[PDB]
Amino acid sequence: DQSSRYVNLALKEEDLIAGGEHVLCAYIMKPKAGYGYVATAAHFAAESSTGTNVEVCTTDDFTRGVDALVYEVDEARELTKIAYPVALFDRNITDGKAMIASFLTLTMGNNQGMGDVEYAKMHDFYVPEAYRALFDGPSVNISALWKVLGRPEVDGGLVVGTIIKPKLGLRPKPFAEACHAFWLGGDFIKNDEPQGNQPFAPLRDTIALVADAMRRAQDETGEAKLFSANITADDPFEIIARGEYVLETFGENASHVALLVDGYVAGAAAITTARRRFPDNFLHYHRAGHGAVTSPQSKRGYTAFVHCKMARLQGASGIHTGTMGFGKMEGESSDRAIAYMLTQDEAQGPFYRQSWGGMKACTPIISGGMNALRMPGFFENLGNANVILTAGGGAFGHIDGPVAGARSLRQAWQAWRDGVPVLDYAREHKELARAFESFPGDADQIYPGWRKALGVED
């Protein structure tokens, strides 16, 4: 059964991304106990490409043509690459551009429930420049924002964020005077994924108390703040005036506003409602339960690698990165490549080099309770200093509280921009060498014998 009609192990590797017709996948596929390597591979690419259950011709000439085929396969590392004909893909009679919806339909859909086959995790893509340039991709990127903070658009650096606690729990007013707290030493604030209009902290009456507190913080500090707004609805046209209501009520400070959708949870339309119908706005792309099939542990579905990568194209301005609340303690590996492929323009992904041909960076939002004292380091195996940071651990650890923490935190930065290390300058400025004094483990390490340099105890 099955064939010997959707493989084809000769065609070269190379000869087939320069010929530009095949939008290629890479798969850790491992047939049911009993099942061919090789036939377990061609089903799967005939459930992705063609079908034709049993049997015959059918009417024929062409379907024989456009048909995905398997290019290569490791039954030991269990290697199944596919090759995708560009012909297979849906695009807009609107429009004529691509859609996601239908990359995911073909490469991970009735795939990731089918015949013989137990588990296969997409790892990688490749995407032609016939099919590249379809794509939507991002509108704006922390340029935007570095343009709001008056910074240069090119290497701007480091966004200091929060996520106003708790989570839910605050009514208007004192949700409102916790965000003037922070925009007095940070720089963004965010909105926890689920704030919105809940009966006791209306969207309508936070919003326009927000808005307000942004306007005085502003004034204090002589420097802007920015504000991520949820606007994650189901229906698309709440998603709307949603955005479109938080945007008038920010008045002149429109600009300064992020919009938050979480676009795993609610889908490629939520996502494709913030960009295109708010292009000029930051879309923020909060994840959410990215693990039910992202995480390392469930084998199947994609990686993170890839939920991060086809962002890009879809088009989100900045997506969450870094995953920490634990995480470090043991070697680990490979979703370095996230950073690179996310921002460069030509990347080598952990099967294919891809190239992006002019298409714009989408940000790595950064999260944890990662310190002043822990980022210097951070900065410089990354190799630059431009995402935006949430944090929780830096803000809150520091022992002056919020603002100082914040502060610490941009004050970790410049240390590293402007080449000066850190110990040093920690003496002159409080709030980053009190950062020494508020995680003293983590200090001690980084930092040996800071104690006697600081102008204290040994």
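Numbering follows the first chain given and starts at 1. Here the rigid core means the biggest group of C-alpha atoms that line up within 1.5 Å when the two forms are laid on top of each other. Compared with the form deposited in another entry:
- Shown in the overlay between these two forms, fitted on the rigid core, is a CA shift at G449 of 2 Å or greater.
- Core-superposed comparison between these two forms: the CA of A395 exceeds or equals a 2 Å shift.
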Contents of the next structure:
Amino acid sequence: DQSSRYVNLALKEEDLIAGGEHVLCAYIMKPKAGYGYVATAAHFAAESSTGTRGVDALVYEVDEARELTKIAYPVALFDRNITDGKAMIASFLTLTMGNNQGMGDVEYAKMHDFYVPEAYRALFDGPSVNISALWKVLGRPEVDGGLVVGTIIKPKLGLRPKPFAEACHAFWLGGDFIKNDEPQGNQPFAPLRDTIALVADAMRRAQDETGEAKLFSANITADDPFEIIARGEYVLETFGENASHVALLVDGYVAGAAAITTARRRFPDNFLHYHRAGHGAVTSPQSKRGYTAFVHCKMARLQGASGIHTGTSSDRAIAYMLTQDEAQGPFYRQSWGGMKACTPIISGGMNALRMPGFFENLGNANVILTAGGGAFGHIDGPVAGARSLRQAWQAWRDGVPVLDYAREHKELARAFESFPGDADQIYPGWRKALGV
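Switching conditions: you have the form deposited in one PDB entry, so give me the form deposited in another entry.
Left out here are the partners and the other molecules; the chain alone remains.
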């Protein structure tokens, strides 16, 4: 209702930016069969702002062909806490992704990128701690501390307390970090209270036997915030001297933003592990509505997640936007004005042999790896498998040729052979160089 009121196509995006009084959002939107693009874009602006410039959201650019709509949102539109003045993602979502996901003259609309000015950005919580908290526990440097080797305990559900704690103890003989699988909590056959006490003990045992610090990411997701807090408090107290070796895992997608903020504000000294479960329905690229993975992860940083699962366009782009002070998104360049980084958590698996190639492309190895147990395949076993990943990181870090590092490191050496086919392709003459 105001394809003149809600549309100002002569505005310079640079102007908007420089101004610092508007949140900008870029969408991939298509108007229903028949309706005008600009009119519909007008309709989406109005509908996402004022019912019926200044407090009005404006369409500043459109690309009919590209199904591209960019809208400026005055920062005065966003809600903030009566308690402390701070911003809230709930509001950001309502305004730029709310009832506008339900219109009638619009076929689909998906947010691809957003820009938040200094004034607004500064009102967000941001990460309290990141991987540097973990580096510290590991006895690593707080700047470029490198790779954290982890896993997920499997089966997903089924293990009793003792069996679960023994599987933890066993991976900790080779690796650094273990996280509960999504669903693990207080099932009647594996009570959280019992399980956690046993996991804490398994942590002590692997620490004494290994001479190395170990880490656990404990699922505290619940519907009730007070339930989240009681889980967190039970976990930290139980872990005792090992309380700083504990990360708090919250599935922020299924429990939502309030679950995330509960852990963030109540346990700001522990890494807040933001797990993404079933955010598939929206972020998935076959989906034309909602927002992208990029957008999701960028939001996570402002929310205060310490790390978030990001996966093995470009995730590299996600990684940069999450960790750098100045990053380029698909549409907007963003400054973070000193907000702490949010650590990428990568999953899947690459043997020790491919690992190096990943770090090269990324440019750092400052990530948490939560690898399928397959990436831990090795003729000598999974302890050796996890060790080889660490050895591959160490070679890469030191700038030492891998073939040479292997000669003095059994598990990396032995790994070459575990995947002789991979070596061939990658390092021809390894055998030569090894004896084998």
